[PDB]
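Asks: Single-letter residue listing:
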Amino acid sequence: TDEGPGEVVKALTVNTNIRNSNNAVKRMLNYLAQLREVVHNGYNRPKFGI
Amino acid sequence: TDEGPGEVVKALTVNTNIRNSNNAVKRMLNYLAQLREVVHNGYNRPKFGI
Amino acid sequence: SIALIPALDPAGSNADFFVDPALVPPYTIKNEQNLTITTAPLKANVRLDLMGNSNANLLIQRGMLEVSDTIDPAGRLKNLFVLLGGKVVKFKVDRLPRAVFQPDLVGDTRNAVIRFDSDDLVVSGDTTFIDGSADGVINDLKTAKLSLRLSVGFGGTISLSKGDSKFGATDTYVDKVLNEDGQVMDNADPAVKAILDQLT
Amino acid sequence: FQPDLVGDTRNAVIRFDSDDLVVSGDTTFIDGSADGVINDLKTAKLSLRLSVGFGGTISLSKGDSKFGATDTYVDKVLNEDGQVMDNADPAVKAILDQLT
Amino acid sequence: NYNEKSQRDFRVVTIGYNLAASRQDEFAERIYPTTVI
Amino acid sequence: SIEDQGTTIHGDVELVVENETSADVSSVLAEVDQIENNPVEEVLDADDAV
Amino acid sequence: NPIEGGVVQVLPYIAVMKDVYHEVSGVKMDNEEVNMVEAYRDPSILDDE
Amino acid sequence: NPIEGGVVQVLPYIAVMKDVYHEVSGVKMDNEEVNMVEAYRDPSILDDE
Amino acid sequence: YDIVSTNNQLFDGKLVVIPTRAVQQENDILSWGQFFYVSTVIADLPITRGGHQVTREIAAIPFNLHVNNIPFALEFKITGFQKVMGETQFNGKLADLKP
Amino acid sequence: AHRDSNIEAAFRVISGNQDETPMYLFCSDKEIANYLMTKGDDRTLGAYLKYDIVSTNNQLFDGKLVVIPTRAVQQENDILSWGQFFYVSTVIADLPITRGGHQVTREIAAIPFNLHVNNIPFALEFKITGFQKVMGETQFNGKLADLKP
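Protein chains in written order, with this note's numbering: chain A, 1 to 50; chain B, 51 to 100; chain C, 101 to 300; chain D, 301 to 400; chain E, 401 to 437; chain F, 438 to 487; chain G, 488 to 536; chain H, 537 to 585; chain I, 586 to 684; chain J, 685 to 833.
Some hints could be false.
The calculated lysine-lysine pairs, modelled on DSSO-like cross-linking and capped at a C-alpha distance of 27 angstroms, are [to be verified]:
no. : chain 1 : residue 1 : chain 2 : residue 2
1   : J       : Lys723    : I       : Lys668
2   : B       : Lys97     : H       : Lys564
3   : C       : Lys245    : C       : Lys190
Honestly, the hints are just simulated from the structure, not real lab data.
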């Protein structure tokens, strides 16, 4: 085909943008899981590397 | 080479056109094969799908 | 070189998509390249990836085909193989009006539907089985000066972008038994019944 | 019904092809019974999806109709969570052995 | 054809399909504000 | 732009600099126009054809 | 219109299809394809590693 | 045209029919219908007593 | 406080409370998390993938990172909406007390 | 159901309007409608959701309340409409017919030509019963009396 993408190529950006929000949701929930384990265990004071 | 093809590029259409004539010949003979079988069998009336 | 011909895996991984060799032995075909492909008719009432099982998939590398490979909607039902009296008869139906692929009007726009309905599959004393023999039912038709008109229904769908295909065949019937002149004979006639009793 | 794109323009074609025909433990027979396959299927906490095909052509001017049904298969056997079970599992084999 | 009732020609409606997404949804953006690096 | 270019040999690279990028592809797919004009090949009524 | 006799509904969409090679003996191509519209409710269909 | 990619041939005709009533059972409508064109070679299809 | 909602399937009756600076100031560590975005480059090239066919492939390559700053959260699993709005909560109990 | 379904995305993507949400119709009989219409001054449900109330006296719908989405602003062949009524002009035929072979009567017949089609796979179905035993009887003091020894 000689003609290029119409608007469909913009769906690649839309896909990426949705993945960005998805990564934010998974990252938040996975962070909560890590935080739950650290707080569950004996780590009630601020320190580096936990 | 970045110059491009010469007139030999038209041989591709010639090959196609020669094939076009041979395809008419093959289809003609294959059609006669259909008539041989159908007319040999009991089909002496017009009908769809024969 | 662009023909899509179902091919048999030398390892036998896809043998369940094809007619059992006992009825229709596989045969060998070669393309323009020196590569050789083993092919056989597909089994009726089968669902398969039509492109994945094609000669194009097993030609050079087993998994070469990708979504870029698509099926031409301008296809046709080439042959039907019928088990007639214990032996297979090959019917060439390639150019018949009912053999052409049609668009599927309800569903995916790239789905092609096959609806081959014909009452004009002739079997007579001049018919031969796939192996060249003309004994059994055919010989009885020859000596009785009778000809059968079989009725078959072959349907299926092909997803032209995906390669997925689903096929099915309806019950096969003898629509007419004709004499040499071309008239219909009653099925109670001992000459006609003796033959029809063999087509179970 | 669909138009017959090849042949007589008055033919109506039905091509019903569905892999989503579902038979759950709640489904009952025409007589209202839930015995047999339904019982065993329900008590095993299974669900079963059939693959069916039904085709035919009707002449809308002549009334000449031909219908045919293709071989029917069991496509998937699911759990209540949507998981498709392997058919080799004796929990689902008993149902497949009844559906002969 | 005693009754040439329409079977082939029908009115067609094209259903719209317009996908969109911002770099992050308002939800993700408020939680993880965007910084350009 | 990639929308206009066709199978560039050396390739094309673009950077997305948009906060959002909607993609309306309702009219892109060519089969839609064919269907809109003729869901099925136009055929005259039997009486109109003769 | 009485000539139109009914309506046809044409639904274009963009589908996210998984990059899969065709199987030699596969019954149905194992391509987990989903309408892109589901990515709003369940965007996990877009995950690729 | 490349956009068309095919042709359909529409063949109209006037058929000769018998006014046969629909049967209670039957396998098909027993109406020996033929194309009126056949009447030029075999006009006996038109005989009516 | 402020209320932000999503229709993501991953959040199902999961209210989470997180602090953030009331006024956001570009790259501010006091944001609960940050989204570090660089580019989304789109490239087109006729790759001969598989060595036996050519397809023009237009690809978008994301380049970004989500980072968490504040280790504080309160996670609430909230269910029972249909049980307290769709069923009697007071008069039904008095009926249950009926001898 | 609004959360679990993808209805919010469906309208936003199909309508072409970045900011588009469904409006819900409360489909009820006359008895139920008398209660839902109470204060129609501001018909909202959640943060943004709006609704409208439509009623019928059809016996088939007696005692039923069904809530369905619709496009807030209706257009022509709107796919986003919960269902559609595809109507072709009705024909009234007038011809003297010897009906039965022995009697001659002019028969004027109106022949319908229409179809109802459903688009959206969404419904909320409510079976509401027992108004008379709630508004015509004690619901609180009577129960306390029942606890009497």
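Asks: Evaluate each hint against the coordinates.
Replies: Okay, the hints, checked on the actual structure:
Taken as a hint, the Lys723/J and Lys668/I pair is honoured in the structure, with Cα atoms around 25 angstroms apart against an allowance of 27 angstroms. A C-alpha spacing of about 17 angstroms is found between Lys97/B and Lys564/H, which places the hinted pair at or below 27 angstroms, so the restraint holds. A threshold of 27 angstroms between alpha carbons decides the hint, and for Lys245/C with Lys190/C the separation of about 21 angstroms falls inside it, so the pair holds.
Hint compliance for this structure: every hint is met.
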